[PDB]
Amino acid sequence: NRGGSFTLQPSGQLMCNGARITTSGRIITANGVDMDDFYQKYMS
Amino acid sequence: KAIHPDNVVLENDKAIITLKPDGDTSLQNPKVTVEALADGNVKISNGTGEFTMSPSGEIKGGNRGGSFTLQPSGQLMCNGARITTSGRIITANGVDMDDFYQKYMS
Numbered sequence: 187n188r189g190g191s192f193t194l195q196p197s198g199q200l201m202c203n204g205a206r207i208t209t210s211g212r213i214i215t216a217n218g219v220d221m222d223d224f225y226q227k228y229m230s
Numbered sequence: 125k126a127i128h129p130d131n132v133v134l135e136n137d138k139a140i141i142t143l144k145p146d147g148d149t150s151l152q153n154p155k156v157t158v159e160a161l162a163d164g165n166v167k168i169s170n171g172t173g174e175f176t177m178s179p180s181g182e183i184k185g186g187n188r189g190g191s192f193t194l195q196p197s198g199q200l201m202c203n204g205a206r207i208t209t210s211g212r213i214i215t216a217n218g219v220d221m222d223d224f225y226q227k228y229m230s
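Taken in order, these protein sequences are the chains called Y and Y'. A prime marks a further copy of an entry chain.
Take 187 as the starting number for the first sequence in the deposited numbering and just add one per residue.
Take 125 as the starting number for the second sequence in the deposited numbering and just add one per residue.
Straight-line alpha carbon distances no greater than 25 angstroms define the calculated DMTMM-like cross-link-like pairs of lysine to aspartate or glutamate that follow: (1) Y'/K167 to Y'/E182; (2) Y/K227 to Y'/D220; (3) Y'/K227 to Y/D222; (4) Y'/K167 to Y'/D130; (5) Y'/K125 to Y'/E135; (6) Y'/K167 to Y'/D137; (7) Y'/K184 to Y'/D148; (8) Y'/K184 to Y'/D163; (9) Y'/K167 to Y'/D146; (10) Y'/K227 to Y/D220; (11) Y'/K184 to Y'/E159; (12) Y/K227 to Y'/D223; (13) Y'/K227 to Y/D223; (14) Y'/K155 to Y'/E135; (15) Y/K227 to Y'/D222.
Everything labelled a hint here was simulated from the structure, so no lab data went into it.
Please model the entire structure based on the sequences and the hints provided.
What follows is the structure in structure tokens.
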């Protein structure tokens, strides 16, 4: 995209400008926050 | 048989390969089309959908009910949800993951 990248790595880890979506669907944002981890702190 | 005044057309019963002097090349058939135009345009297309790249570096997927769009500025997009160059996952509802995380843990 020359300013972006719809990259898919051989291991199946979707990537876009650093943000990753693991094979298990964990949305690891570029800032390191995992959605499930942030959810767990909530609802405590 | 008729002859095209200016075109090198290699043709079969229903499969056609056309190269024009002005760079453009095209593969055609009654349900698919793969054209590469002079101006950096790629428009791989099909009846069920299409995929294209603009000269401006855009990459899009015509899911016809979805879009794997990548804008020239590197901002990944999918049905409105954006992933900025810095990896900020801005969901279509406007919520930023880091912003929501910050309110938590307070």
